[PDB]
Amino acid sequence: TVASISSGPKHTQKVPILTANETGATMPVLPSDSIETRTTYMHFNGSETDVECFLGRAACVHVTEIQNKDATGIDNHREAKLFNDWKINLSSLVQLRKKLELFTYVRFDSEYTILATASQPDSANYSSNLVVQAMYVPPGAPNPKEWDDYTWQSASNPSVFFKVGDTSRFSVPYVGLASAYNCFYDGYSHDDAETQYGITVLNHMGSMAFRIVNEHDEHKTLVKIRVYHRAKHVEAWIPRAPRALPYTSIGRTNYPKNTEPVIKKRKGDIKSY
Amino acid sequence: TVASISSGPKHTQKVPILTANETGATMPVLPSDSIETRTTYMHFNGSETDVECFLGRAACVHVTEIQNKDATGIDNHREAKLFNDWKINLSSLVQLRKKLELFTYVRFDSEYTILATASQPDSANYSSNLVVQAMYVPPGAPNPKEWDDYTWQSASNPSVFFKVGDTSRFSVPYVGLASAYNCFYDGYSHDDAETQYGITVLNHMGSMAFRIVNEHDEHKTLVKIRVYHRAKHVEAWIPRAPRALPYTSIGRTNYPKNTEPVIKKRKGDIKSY
Amino acid sequence: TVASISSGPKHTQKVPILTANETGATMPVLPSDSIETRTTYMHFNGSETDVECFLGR
Amino acid sequence: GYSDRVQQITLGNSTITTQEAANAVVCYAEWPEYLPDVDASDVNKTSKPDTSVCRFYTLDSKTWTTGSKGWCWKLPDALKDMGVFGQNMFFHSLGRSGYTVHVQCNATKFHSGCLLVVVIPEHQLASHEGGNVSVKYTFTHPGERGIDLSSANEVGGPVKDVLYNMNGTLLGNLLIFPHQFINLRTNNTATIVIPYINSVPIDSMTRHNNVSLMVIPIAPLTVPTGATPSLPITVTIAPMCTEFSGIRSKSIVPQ
Amino acid sequence: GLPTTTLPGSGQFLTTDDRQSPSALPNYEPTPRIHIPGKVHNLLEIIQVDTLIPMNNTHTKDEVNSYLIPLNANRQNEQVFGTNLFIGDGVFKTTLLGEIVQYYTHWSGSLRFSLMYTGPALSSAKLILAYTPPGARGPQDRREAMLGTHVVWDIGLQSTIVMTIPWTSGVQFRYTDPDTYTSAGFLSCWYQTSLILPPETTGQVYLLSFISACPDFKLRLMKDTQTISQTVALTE
Amino acid sequence: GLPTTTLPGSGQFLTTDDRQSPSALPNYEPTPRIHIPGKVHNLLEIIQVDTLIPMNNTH
Amino acid sequence: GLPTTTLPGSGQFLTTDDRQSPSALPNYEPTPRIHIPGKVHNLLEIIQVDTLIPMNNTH
Amino acid sequence: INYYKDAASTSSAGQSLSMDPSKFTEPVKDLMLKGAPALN
Amino acid sequence: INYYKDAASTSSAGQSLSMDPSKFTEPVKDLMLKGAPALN
Amino acid sequence: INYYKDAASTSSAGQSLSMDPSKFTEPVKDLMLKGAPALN
Ligand SMILES: Cc1cc(CCCCCCCOc2ccc(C3=N[C@@H](C)CO3)cc2)on1
Ligand SMILES: Cc1cc(CCCCCCCOc2ccc(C3=N[C@@H](C)CO3)cc2)on1
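Protein chains in written order, with UniProt numbering: chain A, 584 to 856; chain B, 584 to 856; chain C, 584 to 640; chain D, 77 to 331; chain E, 332 to 567; chain F, 332 to 390; chain G, 332 to 390; chain H, 30 to 69; chain I, 30 to 69; chain J, 30 to 69.
Don't read these hints as lab results, they were simulated from the structure.
Which chain F residues stay away from chain H? Per the calculated CB distances, all over 10 Å, these:
#, residue
1, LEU333
2, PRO334
3, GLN343
4, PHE344
5, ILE384
Straight-line Cα separation of at most 20 Å, EDC-like style, residue types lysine to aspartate or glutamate; simulated pairs:
#, chain 1, residue 1, chain 2, residue 2
6, A, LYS854, E, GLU394
7, A, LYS664, B, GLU798
8, D, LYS145, E, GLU394
9, A, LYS664, A, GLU798
10, D, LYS185, E, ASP485
11, E, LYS392, D, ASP237
12, F, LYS370, C, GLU631
13, B, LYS803, B, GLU648
14, A, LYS746, B, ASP749
15, J, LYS58, B, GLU605
16, E, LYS457, E, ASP472
17, I, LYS63, D, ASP80
18, I, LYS34, E, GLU360
19, D, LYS156, D, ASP279
20, G, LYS370, G, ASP381
21, B, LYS807, B, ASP668
22, H, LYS63, F, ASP381
23, H, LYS63, C, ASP616
24, B, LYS803, B, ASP705
25, A, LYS746, B, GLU798
26, F, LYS370, H, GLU55
27, E, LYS392, A, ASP852
28, I, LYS34, C, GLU635
29, A, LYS803, A, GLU662
30, E, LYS370, I, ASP49
31, A, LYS803, B, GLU798
32, I, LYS58, D, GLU109
33, I, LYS34, C, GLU631
34, A, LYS847, D, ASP237
35, A, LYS803, A, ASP705
36, A, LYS681, B, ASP732
37, B, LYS807, B, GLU662
38, B, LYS664, B, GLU729
For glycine and all other residues, C-beta sits at the position ideal for the given N, C-alpha and C.
Work the whole structure out from these sequences, hints included.
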């Protein structure tokens, strides 16, 4: 492939460099339309800018935490982190979010990796070996109330059991209701005067519940869960302007008030180098 | 292959042993040009002197250390080794350095092995099990400020998570900007009167950041990281004189003052055996 | 596979929507027996409702 | 003698002529088309009023003055009240449509000024409150009036800050969306053909707007000496290939 | 039982590796795809669309005005604007090009810089745009500027001028992030003759300026952008 | 000895995965199947039989 | 699931072994090679060039 | 590839792709045609 | 070799090697030729 | 068998078995024959 062809002096009536940008086109002008060039080859394919590659590496999408401790006398397991739960979503952390929102609709399979590490912040004789159990609780299915409810039987709901310190990995097909996931949605769930605006109403994915299977030892053990997400088989439509201001909320476009100028001011003139 | 052919008495006008070294050549003289020889075969190929073999074994290129401890009240994580960082480079340790600098330009893929072991120098009930996370922070990308910054999300930057005591291994393609890496560079980054001289300006490879993912236990744990590097797919150009004096700095050729004579003095005469 | 065929106005002596449930049958009535439909395809096989799948986790 | 410059668009019972055009943009290089069966889901036969809905409606005019910040209309909202297009809209459960948008602004060879005319698929607005305040329905359904970016923040309304496109992105990058400029010195109209863009084959026309049309002054209007300091901008829009499905009782929407 | 040996790296999680995994939802059937205009396949497809450069960066809070380069009637010989070409920083940084370049470590290729004139139709002007390849200082006067890559632009019916910064380089890749060794030059613009307004007209006229990449362009070695960060996880 | 590398997920138990296992009862012979009317293959087969709706829910 | 047995040496790191590894930079394209005079392939090539011997070591 | 000798040890079965609701939805002795009168 | 039955479980996809910027860079209705005048 | 997609991930290269010291041992412009006089 040639990156530049050889081109010499020109004295024409045919001027490729004068255009009318009002038309909305970006005319494909090249170095050889306005200087004299020599042949050179590309030596490159643009492999690593493919959208599959761009969205295809694992990104941290969520960090939660649960603890193993005596539940005796706990009136609210959920509240004691005896078993946390996460409202699956993909905009809670921003590195990956800005990347996805370069597109309007996106379609892909997900590969999740879940790393779990334990901490024992206060005096323990040892490090126990805990097994985590993460359940998929899609919307419409009983959601766990205690850390050892009938729910955890999970007879119809996919669940994975792995050890703290290890990693769990599995992959979920594209579960969207439509043909693509909306990265943006300028609508409501119905014509209500006070219903919420955004995608929050569309990206109804349900939540995922984690717990330790082990009963309690004499000390307490903090287990912190990190969920990583990798898109595989990516398809993206309609590019948009990149995010400039900071994010404030999952699912709304809102930016913070009295934010700071995002364009760097010159130290000098327009004329400055 | 014959290592020596059979050759007998000679009384010629054709003298292969008289030459003129002023020409710059090393004339290919053999035993059979000046004594009577018998046939012998080589029985050998020179396999283990191939440059791929010479540069192809893992060498320790870096030892760093980070600790897991309560960051509560630490004003400078980087400074507490709550997460160290390494300015990737391949001349910090010298065994491998002398080997590479036998050549001027070198091109290869790298295979890294990272061994991490833990130490608990002061009273602990136990040994905790820590997961290390090493990130590749190429130049232009946010560099970590605390041990748990958004940076560690590493949504676009390759990172590996492995356990202390284990080893991590992955391989990076030749990331040089030019066609080869310069082992030497007699230039500057620009014609500045005070800019630095050397390759420091050329071997801009960015740095690699390590941290423990675990929160803190009651005791403190020292984790010491050793990075090993193995060249694979090696290509080397222009041999040079081997390094004689000791090294003083990454990237400059400088030797120490009042160094010692590097040539061993005879215990005796020129005539001595 | 078609999920619905195209069907238009009807003025017949042949009424598929009147039945006698006392018989014990569930007559296979479709949208196209009582409204005007357009063609659409199924795009689906019913894979995940197989009893092997239902009892297989 | 055809110029890129003169054009005629006849759609239904209405025709537009421009003698000073700058080509026309067809979003994503695709022209509006009806919904194919292979893509269909709802089993209902759809209704295609054709020429009674696919004609040109001219919205009420705006006034560009030196202080203007820009205006924003949403589709199909802007047309919610135009003739039979609008009736069909409130009466069917689902509908689908593409449009031809023609923005008009003429001046003289002594004026200067340049407007950006852009179509943004799925333009989800931001609340000026920050945090996770929502933007109430009424605020994102201004109707033919559209939203006036130089009007004041209101409560439950969107933010109207132009350097941020009403969503946290910079004005400068709106050029990645199908768009055309109106530069008084060149141009006097902008025309964009919009194919139907959605993640579902057909949708509700009232709970979801699928494009915002935005006209933004970028090089300020500068009139000749002692000229009146303003020009009107007119927007005429025509639904094209419209289909409605799931007819019934007639939606009732807030406010 | 087949004998195996495990190698160094066993059990590691590398966020960039690509392997198979069990599906959690065995036998599930995804929604059919329908057609949607606009599919993107390569980021290289989109960085060829031009977007506006806030060249007039001299303000103090972001404003529509930093997109406008002003022009003065009747000035002769003088300089319209200047900038270095660190596409990952400074004016370029918020543009779509700048914004994507920042996801990669290295770039190589030609850039296309165009200027669209917005002055009254009855005015006229001749400007010179100059590209100065690495190695010299930003030009200080047109004489200096005109000795490097340049285009005399004659403002006419055809409203925009497209200047190309042809790839001039020893090393075949440059870092996006400002490197010296790797630096690309300067871009300046001066009056060639001068802007002239018709009667009954007055004041400043402005140029809009765009940037996009030529088909020439290469970007490699993905990394994280300095353009976005956060201090606590967001919630709904 | 063939060189291997284990990936993330090793040792996990996913209730939905489908793999082979050793039989605890090697060589055992199950009872022959006889014919039984009524075999169900898909839940889609049965949701097409109609059943009564307690529409008058007001009690 | 295929039955395996691990041998002595599993998990060891031998600095001299030569195996495959995942690339951290999937799909990256290295700079083209250009021609450079002087390529060395074997150390045996270079030890045939003669160099001076500090024979007079007595200093 | 089965690694094991017994049939019980193989993975899950594969979709019936049988599907015939008529034993449940139309177990009538004399065949009913849709469109013809239910009771003649 | 896929070891798993479902398509979601396969590795990353392979390069589009599609690439056609014209839907984004030249969505004009009447074709513009480089070198010919923009506005006739 | 390569298990990985990228070339960097393959094992060590295999012996040049190239070997030609003459660029280093005899870079003279006019060819010298062993046995013939060095300087004529
Ligand atoms: C055990 C176990 C646990 C699980 C979880 C199953 C995965 C379900 C999650 C489905 C994917 O979720 C989303 C959510 C949001 C988005 C998304 N939001 C927009 C910004 C873009 O994409 C995409 C996928 O499965 N088995
Ligand atoms: C996780 C994770 C961590 C990483 C690191 C990626 C590797 C980047 C390093 C690239 C190779 O670096 C160098 C540096 C210097 C030299 C060199 N200097 C001269 C003496 C010779 O060679 C060669 C390669 O990737 N993924």
